[PDB]
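Okay, here we've got a single chain as structure tokens, the form deposited without this ligand, with questions on binding and movement later.
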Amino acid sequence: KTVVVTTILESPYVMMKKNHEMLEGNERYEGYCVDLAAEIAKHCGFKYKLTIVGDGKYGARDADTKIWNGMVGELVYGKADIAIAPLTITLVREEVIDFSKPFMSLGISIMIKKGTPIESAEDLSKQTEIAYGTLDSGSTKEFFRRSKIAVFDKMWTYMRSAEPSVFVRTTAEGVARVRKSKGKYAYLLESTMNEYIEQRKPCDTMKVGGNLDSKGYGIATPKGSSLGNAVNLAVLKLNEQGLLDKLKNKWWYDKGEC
């Protein structure tokens, strides 16, 4: 049967082609994950259908109702057979779904509007003129919520109680907030996304400091899935052949605008 792939509209991973209205099925999309999905499918030997997650979220469990949302939820409840997106491998998720070895290594980072007098997470924590937040319903927000590290705990204490909210629904919203903040808002997002945006016009943002942590993205399948083993081996084969590095160069720098 055709494999249902859940993914998310997050540039440069998955995007609508300029003339998608003229196209059909998988041909409507382009991007790093679109390219990766085609390769994984070929090496594993399956036909697939790309679908954008309904609620546009990555995946988090709701305490009380205990219902998983986002791409994780589509896998948990059987709405999708595999997730190919910039989905962070975390303990809570690994407890309900399977992840292949990582296809991309990254870490949480700081995005500022050029000129902002901030160079580290410690800098953000010791001041208050500049506000900062993260994406909502994701691994980045969870990192700070659960952190027992002094600096990060101090950062979370502030963010969770900040008003108006410093959190955003999508990466694009966070980037826009930084650009129009006149330097009064710094955004906390994963390094890969930070690096991508720094190469996009109007070239007014920049990544500062070292990553706050280290983790990776993995292809996810429902627990006990028949595709798990093959997909994992495919990811390892493709990394060792250099495809993964080739794809990042293609979507990040080959198309750099700065």
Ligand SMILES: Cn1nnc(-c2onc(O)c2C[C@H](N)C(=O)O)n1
Contents of the next structure:
2 protein chains.
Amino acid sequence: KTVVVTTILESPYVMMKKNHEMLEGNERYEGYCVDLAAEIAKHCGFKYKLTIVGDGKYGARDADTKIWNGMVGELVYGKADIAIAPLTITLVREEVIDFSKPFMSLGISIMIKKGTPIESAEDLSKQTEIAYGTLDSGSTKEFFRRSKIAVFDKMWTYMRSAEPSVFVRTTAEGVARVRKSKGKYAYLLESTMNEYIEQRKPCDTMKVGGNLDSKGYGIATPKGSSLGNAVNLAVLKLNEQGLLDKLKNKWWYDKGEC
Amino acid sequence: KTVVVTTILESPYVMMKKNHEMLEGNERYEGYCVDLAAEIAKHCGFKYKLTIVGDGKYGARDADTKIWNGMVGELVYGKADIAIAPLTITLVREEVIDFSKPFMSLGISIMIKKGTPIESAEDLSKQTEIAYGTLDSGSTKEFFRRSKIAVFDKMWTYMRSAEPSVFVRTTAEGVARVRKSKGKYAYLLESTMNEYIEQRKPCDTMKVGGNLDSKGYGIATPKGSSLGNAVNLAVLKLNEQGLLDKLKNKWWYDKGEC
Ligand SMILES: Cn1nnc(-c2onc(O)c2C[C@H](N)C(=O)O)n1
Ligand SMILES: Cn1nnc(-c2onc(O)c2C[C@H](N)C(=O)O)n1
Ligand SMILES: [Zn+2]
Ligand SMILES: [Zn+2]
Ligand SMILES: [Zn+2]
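Go ahead and give the structure of the form solved in complex with this ligand, now that the form deposited without this ligand is out.
Expanding to the full complex; the earlier chain stays at the top.
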């Protein structure tokens, strides 16, 4: 009866409270999605338990085994009843799970160490001195892997064959790589995350250029789940009442340090 | 079998071609949604007929009779099979009809005659010299009617009682009113349209301030329609293929004249 929620440890969506070792259950975490989960549950009328995705991934289907990993996998195989996280709504994913209307709009963007001579994706594609990559098992990698657009296809051709690997296991790893690369590495990640990091110490990174695409994050449930309808309506209601905008301001700027 | 498509004459979504008089059927029209309709039809494998919504409205429910008008009404009462137009995804609408994932992201915005002493919604709410209104039977009017935000609530209190009426029957009427009111009227409309008009002659209007909210347009179908699933997946594929962005560029900036 208690709804198992799968989510991912990604700041500021879900983070461990400093004194979590002395706290229990859902009280161990804080963040945008923790606040959202509480609201969704209250509006749909269900008790829930937050769980961090086992493999720490968002979700991709293995080309060879055809098995889904990440949060998507936990829903597909019945390990979780719902996913409340910054999970990108994509075709390949909507084919196996359901998504509520988006609770946040975003797009792929470029993150650079301040001072880096890069202003756009075209710039990256036309040079070689500055390496660039994306998250592994994510929607961004898939975006480049399938793009028919000249600039993006060129970028994918480079990234897929670059050595050492330009891909990272977690968003945090990508951000750290940018910060330690002395301007020789640019990271491709979603806009709102890029924006968030730009407001965090050491305030040494920034978003450059416009977004490469437009899409959104949605609350996911297993195909045919009975929670689907109510969750979707809850998201729409919460968006219209301004809760989502308040939560972004709370976790992004109200706590900004730059 | 031929799918009856309901849409609305709104530039640059659906417009009569310069030579429409010598054309028949779907050939009489051109625009973003005309192009989108053809793509959706091709991917879902259906033949269709474009029809212009009878009462020229988007869709609102009569508070007394509870009867829906506009494109929403044509779907609810079975007069149309699908709505392919810049129809805003809202809670009250999703309760009676189905919406595909967003094909365009936008937000409420402020349009002014160039030179008008207004920079934000707050500025409008604090003065009386400049009147401002919204479209009738639309999602924006509902936004202000339900807003509990100090500024927005204050604005609604004024608009609902303003004399003469600050509300308009069509988007065009609102734009024309701003242009001929010598800066004494400001119009609240959705960002994408505001931006479009700003790049059209006589280049005498401009969008000011940020969007008041964030939401999107979706393709709508009657509840339980057999087209729902395919249309939804089609929208996702088109966005990822870059088609939606291509269309935006084709009808917005490739035709700008300022
Ligand atoms: C929360 N967040 N910030 N960036 C990202 C991000 O950047 N590239 C990706 O593939 C992702 C993951 C993405 N949200 C997904 O659902 O796969 N997620
Ligand atoms: C295409 N377009 N530009 N502005 C609008 C607009 O501005 N205020 C409204 O209520 C609307 C209509 C809205 N899309 C709706 O679906 O009701 N629609
Ligand atoms: Zn710890
Ligand atoms: Zn609430
Ligand atoms: Zn196509």
